[PDB]
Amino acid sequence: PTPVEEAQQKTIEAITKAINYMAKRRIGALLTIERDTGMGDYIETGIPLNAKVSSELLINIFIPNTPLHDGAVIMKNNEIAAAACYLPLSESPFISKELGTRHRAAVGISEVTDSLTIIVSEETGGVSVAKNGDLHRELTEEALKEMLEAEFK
């Protein structure tokens, strides 16, 4: 693999380790991966970080009742660009009625960008992904990893 390929795989491993940890602990999380549609307008609503990715930093961001936990983390290639970012809320009727604002925000950004958003439910620990206006719920660890690898292909 090229350095770009190695760096992408390290980023995927960091994201999946963080998501898995948060899912087991029922730590709510909202993580958007910017793709080809630029998300600068949303990144600028958050607290700038421009930080190297690590699973440790991703987990620390989402700990309940902390300064960075309320809103979305937006990742740009191999960096955490900003935390506590605003995303627009979807009104789609295909969002399960029991789901709250994190999932609606995720679907909402997926309606106006080609980004991939991961959501961890604070109620159930279930992991979902929003892409292209659709929410895909109850993902296994293997399904999430494959989704990310296919996204970064």
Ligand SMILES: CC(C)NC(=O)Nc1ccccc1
Second form
There are 2 protein chains.
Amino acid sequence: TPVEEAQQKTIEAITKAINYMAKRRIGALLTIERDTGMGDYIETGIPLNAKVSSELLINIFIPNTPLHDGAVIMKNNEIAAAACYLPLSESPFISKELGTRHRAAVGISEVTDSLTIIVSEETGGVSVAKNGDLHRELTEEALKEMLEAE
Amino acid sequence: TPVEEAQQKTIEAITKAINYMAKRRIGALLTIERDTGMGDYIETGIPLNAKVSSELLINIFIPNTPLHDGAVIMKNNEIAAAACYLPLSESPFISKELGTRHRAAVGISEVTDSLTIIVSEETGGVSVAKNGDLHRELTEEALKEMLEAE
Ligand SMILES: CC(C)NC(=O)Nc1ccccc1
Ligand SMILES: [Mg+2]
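For comparison with the form deposited without N-phenyl-N'-propan-2-ylurea (XY4), would you give the structure of this protein in the form deposited with N-phenyl-N'-propan-2-ylurea (XY4) bound?
All chains and molecules follow, beginning with the one already shown.
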């Protein structure tokens, strides 16, 4: 159906952008709003309300640019805003070598049902935060399964 | 009115982005649609349909990124698409040292009433193409006045 084709197109756009950033070890933080509304965090960023594309996602996260500092938040199949604030987790159970990008992803996942994708700037490793937990060292197959499950 | 305030915000966003890119010698090609519809050219690019911001305009044009090659086309207060094709002018009044961005800008200006801004990656100079003419080496003040008058 139209809705299904649109969801698959967005999943493909995300995975392509994530693959590009993982290869180049470009740090990234991408939160997908679900049932819990995140308007209050969207409002902290730069409004975009833009169509999703792998190209736009990549251009947002390029290091040392206006938009790369903070989270992209997606809502209703669009990029709602970039450079958004997310709350930092105080969980003592996050791997100690990880920094604020991952703690922000876990933090928003503690108070929403959202799914957040993180690319490490140190390793290019890809992880997902959901329900207060961080799922690390994901393959492409694993991230896709997570997006389809979501 | 709200229409006039939105226009002023878009002009402020455009001028801030152009000023930033000029200082850094970031090549840019930005066409503002007017009364002649540019749908045929918009459809050649990557759709964004995004709210304008100086930050997004800058991020689009960062060298060696997916979106930087080709024109950004704006429709009113939105970035409609990036990496768009524009036709190349054959006018003999284009300085011979100028490259394809300037020739594309004059080209679209010959078949539309649009206003196109170009930042040279060679010199950082700012120019505008309108009605088949290229006006070069604009001050910040002159550009803003041209946009306000448009
Ligand atoms: C060089 C690596 C880091 N290449 C990848 O493509 N990794 C990756 C990990 C999770 C999801 C998608 C891609
Ligand atoms: Mg002059």
